[PDB]
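Undergrad: The residues making up each chain are set out below.
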Amino acid sequence: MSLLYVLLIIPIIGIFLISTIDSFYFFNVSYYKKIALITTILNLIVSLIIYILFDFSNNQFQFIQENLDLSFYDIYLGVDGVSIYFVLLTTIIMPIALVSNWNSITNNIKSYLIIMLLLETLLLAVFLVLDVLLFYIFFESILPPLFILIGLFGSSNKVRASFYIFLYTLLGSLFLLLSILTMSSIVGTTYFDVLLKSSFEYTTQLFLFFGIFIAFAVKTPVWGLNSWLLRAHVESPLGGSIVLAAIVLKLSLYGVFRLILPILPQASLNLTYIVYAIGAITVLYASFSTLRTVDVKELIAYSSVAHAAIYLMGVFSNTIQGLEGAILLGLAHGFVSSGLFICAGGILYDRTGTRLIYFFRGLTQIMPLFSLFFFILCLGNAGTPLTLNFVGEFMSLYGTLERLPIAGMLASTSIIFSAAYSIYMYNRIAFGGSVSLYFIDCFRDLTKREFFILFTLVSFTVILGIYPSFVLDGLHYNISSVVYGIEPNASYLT
Amino acid sequence: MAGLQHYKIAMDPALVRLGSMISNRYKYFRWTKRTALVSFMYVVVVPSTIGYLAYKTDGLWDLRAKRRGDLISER
Amino acid sequence: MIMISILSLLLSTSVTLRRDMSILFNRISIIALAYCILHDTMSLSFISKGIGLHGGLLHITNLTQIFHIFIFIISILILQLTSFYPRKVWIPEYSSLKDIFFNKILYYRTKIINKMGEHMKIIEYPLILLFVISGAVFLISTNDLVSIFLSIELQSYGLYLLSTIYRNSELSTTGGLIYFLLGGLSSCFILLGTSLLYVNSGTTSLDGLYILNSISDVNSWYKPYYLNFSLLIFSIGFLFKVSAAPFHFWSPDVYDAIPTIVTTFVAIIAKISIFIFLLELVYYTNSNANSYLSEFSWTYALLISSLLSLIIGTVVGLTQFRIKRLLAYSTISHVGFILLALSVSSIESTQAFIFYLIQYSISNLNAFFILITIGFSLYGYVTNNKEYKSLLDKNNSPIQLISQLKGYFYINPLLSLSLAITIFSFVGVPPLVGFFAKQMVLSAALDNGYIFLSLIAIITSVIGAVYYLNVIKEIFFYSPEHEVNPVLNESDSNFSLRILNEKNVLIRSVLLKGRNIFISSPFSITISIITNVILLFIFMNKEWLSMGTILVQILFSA
Amino acid sequence: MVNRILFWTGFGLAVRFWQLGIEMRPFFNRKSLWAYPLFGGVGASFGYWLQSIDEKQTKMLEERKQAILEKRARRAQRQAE
Amino acid sequence: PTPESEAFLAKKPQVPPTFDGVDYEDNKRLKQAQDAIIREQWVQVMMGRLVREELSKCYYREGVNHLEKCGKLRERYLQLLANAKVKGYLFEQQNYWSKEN
Amino acid sequence: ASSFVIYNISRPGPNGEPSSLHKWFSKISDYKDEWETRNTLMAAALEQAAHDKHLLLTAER
Ligand SMILES: CCCCCCCCCCCCCCCCCC(=O)OC[C@H](COP(=O)(O)OCCN)OC(=O)CCCCCCCCCCCCCCCCC
Ligand SMILES: CCCCCCCCCCCCCCCCCC(=O)OC[C@H](COP(=O)(O)OCCN)OC(=O)CCCCCCCCCCCCCCCCC
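Protein chains in written order, with the deposited numbering: chain 4, 1 to 25, 69 to 537; chain j, 1 to 75; chain 2, 1 to 219, 233 to 571; chain b, 1 to 81; chain d, 2 to 102; chain n, 63 to 123.
Honestly, the hints are just simulated from the structure, not real lab data. Where is the CB? At the ideal position from N, CA and C, for every residue including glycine. Take the hints with a grain of salt, since some may be wrong.
Below, a sample of chain 2 positions facing chain b; criterion: calculated Cβ distance under 10 Å [stated by the list, open to error]: (1) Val218; (2) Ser233; (3) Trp263; (4) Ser534; (5) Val546.
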């Protein structure tokens, strides 16, 4: 039983215990929440054990278990540098997501925990599978649990939201499936170790690129294909929102490393000016739009759109710096956007019952712990240094500028507007007068739970912001394998 | 109002009405001269302009280790 | 064996008028079909494209025998609906093996188990059921033009009889009239197509027609236009019987009007026999050289119908509010996928065809089984909804509206999840078996240059997903309109049950309530096995997919 | 991790579990506990049978592949003239 | 020369940095070839890191005289900056080239 | 205080010889060729498996 298969098995045992413990003890709801939390903790503990044993400079997939009982659809698991940190981010985030809803579900708690635990197994399976069809099977398997999570525990407009996220993702994924099936037909197999060895013809690469890019653009999302995010990420329960923004957005980013950079390098090189136009447009249009967004979670949801454009531009830079920056920005956005949704969807929305920004003012006066963390998360969302958000933005933007300067400059302008919308929101909530006259009751400050799910998130971004080498050390050799090009005097040694 | 009891707010009817109008605004969009031009400016022209500049200047320069007597122009 | 059972059952049925024999006759039909599986399992120890039997009027292939068994197994599963009472009484004091196998329990069962329900009083129902099966298996094994006609009428006439056998329902007699009248028109096109083959070729033998087709596929005086044109007319009649668009209008009306238990059999068994029959006829008439023959190939009627079924099935299902009409339109969209795989005549598409047909039959069976079980479960529930009160044939079709499923997740959460799994398998969400079925059809269509049809298949799939999601939303996003029956649990409304030993001597006496009334084991187990096959297919796919791979290799074996 | 007997023993165990949940009957009452060995026993029997089927399928598919290279050979050798 | 450490024994490429003569069917040898491509590129680049490092110490040590004393260290970095860059194996794996053309 | 203590005791010392605990974390994570062996057999087996399907899927009608 490989460590990687252990990762997928623990959350399934937790589901079993959650749904059977009543036959051994009316069981208290606190029991279910404790089973689910410990389950995610042991999954985090296993992912940390794997990371200690992980080797930073191996071109072999590590911790793979030999199957040799070949079938039509077999599940092979393996990990290298590009997948190791996405696996860690999934295992760190999900316990925080569980605590972020400890008190705010209050109904169908068994269903919420089983759905949350199942989502962990599926999302981890996405980052661990060593086959392109296996990748697709898990990328899509999460829609029905996502569809039912929003509908069971979402806000007032959760019906329109759940439909939007289901149908957008399916429609785009159906175009990715067509591209994937063409690959398996030509090659005979979708296993990574032998599909990357193959060489597709240019026009095949061109049509393979559109099919895959249409799906990755719905999931980034790119601007104009992002209606589903505006609805789903806001109407979802807080735990759903954290998982949706901090893990699910990353699948398309990790999928660019496994599905287009190795097999479609000519198409990627010849179409970067189209990816960059869409990437540049998304940086500006989203930034201007979130400046005028009045729902606090939708403002924070809309920020994810702007940052996802920056690491989408990085992965197509064909440079070592852009690709490392893209993973580091995708990781950084995972912590910071998780904290900002806890601040908005968890702290403000539980106190007031509303998310309109018009009703908030001067919260610093009564809530100095919320404002202290909120400001640090508003700095991190603005790409301020000593946050992992700056190291990722600077490396991602440097690659974008070097690959194509006109897009780099425009994507650079995000340094202004991210700051602009992040600080403007911060002032209309924490500063900007005395406590809002709409509040009749006074508000309490962060509970111990709220303090420690924020302190944990702001610790990860800051420590990684001062020493990003912890992550870059395990990306240097694997990131190198996805670069496409040669130097005049280093190529073809004899 | 929600599942978990919150504090008592002075829920202003005017602000509540404003936040509902925004959430429902998509149902009332119509194609007119104005709405067609704006939607054509943002979606087609400005993106196609950037795509033109990105396409035209892809590979035009390299800054790496450039010296005096050696240009930045690459094409 | 099917013929001995039909004759033997009829003789036993002929000399009785007791409607309490109906449940017993249904069980004997299950036993009889089990022997039919045994005799056809015995017959698979040979490899051949075909062995003509009985003077050359019939034939047997490995494919034919595999799908005889599948038809028998589907019929045994469906026959459970009329062989076991819908509800049972369970208690922990009568749960051991020593209890079920040595002791007896006694209580007033009649009202609890619906002993006198309409679907338990039709003596001849299992017998007409076996008649349809005989037509279906004879059609699979048919080698001759006259044998084709006789088998299709035998299966068709039985289905008309089953649609009307509930003779006191105004809905059922109306649905029986519609199927017979439009079905009789369809049978003229089959007879016309078969007759035009005979008048031109001079033979009723499918062997001889294939020989005539094969020599005429070269690269003057008797150019063989008749073969494609006749099979085109011949195929149109078979497209009606599978409810393929644009020949599909009858089925949403017939499926909704006839009782749900009848709909289960009527909507499943007929597609399997026609599609399997069509598969061989597509293979042996498929021209190789691009000549004037291939340009008039009758199989474009299949490709056009697959296109039209993909659109009609998904678009028209958007506004359906009655659950049985939605399933009818959901079926039409799925025969669109099935017909695409039949039209691409590749090794890959024929494997995809074989797998898709079996997994959809299993999946559609589950949806009907779950729908009947939810109907039998609402006995201990009441509602004040004014819409539900105005429904017709409530006893024959207890669930008629999607709105009736509102909050079923709060009435029975795990049964609601089985419905959701089945419906998510219909959309094609991985790793459910439905996804893998659509995936194989798309990969085979893509590999043969069917790009335009593959793109419409994906686009219509998103539209189809909307009404699938709409069923799921009613079950999970809303609280139910059904309340538990107060008089079933009122702290003093308790009925009595006696537990007695082998000698009919008392052992214990327990007072019971409505919460001791459960779904019968046959229906829960069948739902549970099929639901887990749908969900866990990715771990169990080797033998199932290898069977079809071998079957296609025999069919294609140069 | 695809063992025919272990998987199908578990499949039969899962069938009983889902069945009891569908009936909304308790998952583990001690007098009914014989059923899980029974369901898992029948599940194990189905998978010993699937073992033999898979063996015969592998032999037959392996035989077909040989016939396919055989057909390609004698066609290619005939083209040598 | 600096002795080869025990760590710099388990990761030495036993194969030359090239794809000529590699049978892409055989997985071990192709993977070794990709390993040799990347490690040579990284080895060449850390040369620039050490030259950059030395030039820094030279610059401070020489102060204003850095424009006249650190010349050899200046050029060596510039040559490395002109040539060394991790470009991956993927182009060379997929595209053969010959000098006798 | 813990950071100062842990860093000091984790140093390799004046000599290059690793610590007692340093050698344990290297012995456990040896994998001298294990990932290289297992991966090679998996890739070759699936390459053959893709070959067998290519034969069956392209057989002459
Ligand atoms: C690695 C490969 C894995 C392959 C899949 C393996 C299995 C994965 C899980 C599949 C479904 C398992 C369901 C587990 C829960 C079953 C146990 C149960 O009964 O839970 C009941 C629970 C609460 O209901 P209850 O407590 O009875 O009522 C109390 C009312 N006060 O009610 C619930 O928990 C229902 C929860 C909501 C439904 C689940 C989330 C949506 C699932 C959509 C199903 C279709 C897609 C399946 C996808 C499988 C994973 C990809
Ligand atoms: C917001 C902070 C931003 C930080 C940005 C990054 C730093 C740049 C700015 C600070 C510049 C100086 C940093 C400190 C330098 C010295 C660190 C130190 O304490 O080293 C001593 C200790 C032993 O020395 P040693 O490394 O073994 O020397 C021989 C090795 N050849 O070496 C050790 O390993 C001991 C480590 C002890 C723990 C770290 C001590 C940090 C000191 C500053 C703490 C600031 C935070 C204060 C927190 C609240 C305190 C009330």
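Undergrad: Does the interface hint hold: is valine 218 (chain 2) within less than 10 Å of chain b, judged Cβ to Cβ?
TA: violated (21 Å)
Undergrad: Once the shortest beta carbon distance from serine 534 (chain 2) to chain b is found, is it less than 10 Å?
TA: holds (7 Å)
Undergrad: Against chain b, is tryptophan 263 (chain 2) within 10 Å by beta-carbon distance?
TA: violated (34 Å)
Undergrad: Closer than 10 Å between Cβ atoms is the bar; does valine 546 (chain 2) clear it against chain b? Give me holds or violated.
TA: Hint on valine 546 (chain 2): holds, closest Cβ of chain b at ~9 Å, below 10 Å.
Undergrad: With chain b as the partner, please determine if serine 233 (chain 2) meets the hint condition of a C-beta pair closer than 10 Å.
TA: Violated, because the Cβ-Cβ distance from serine 233 (chain 2) to chain b comes to roughly 31 Å (cut-off 10 Å).
In summary, the structure is inconsistent with hints 1, 2, 3 from the numbered list given earlier, while agreeing with the others.
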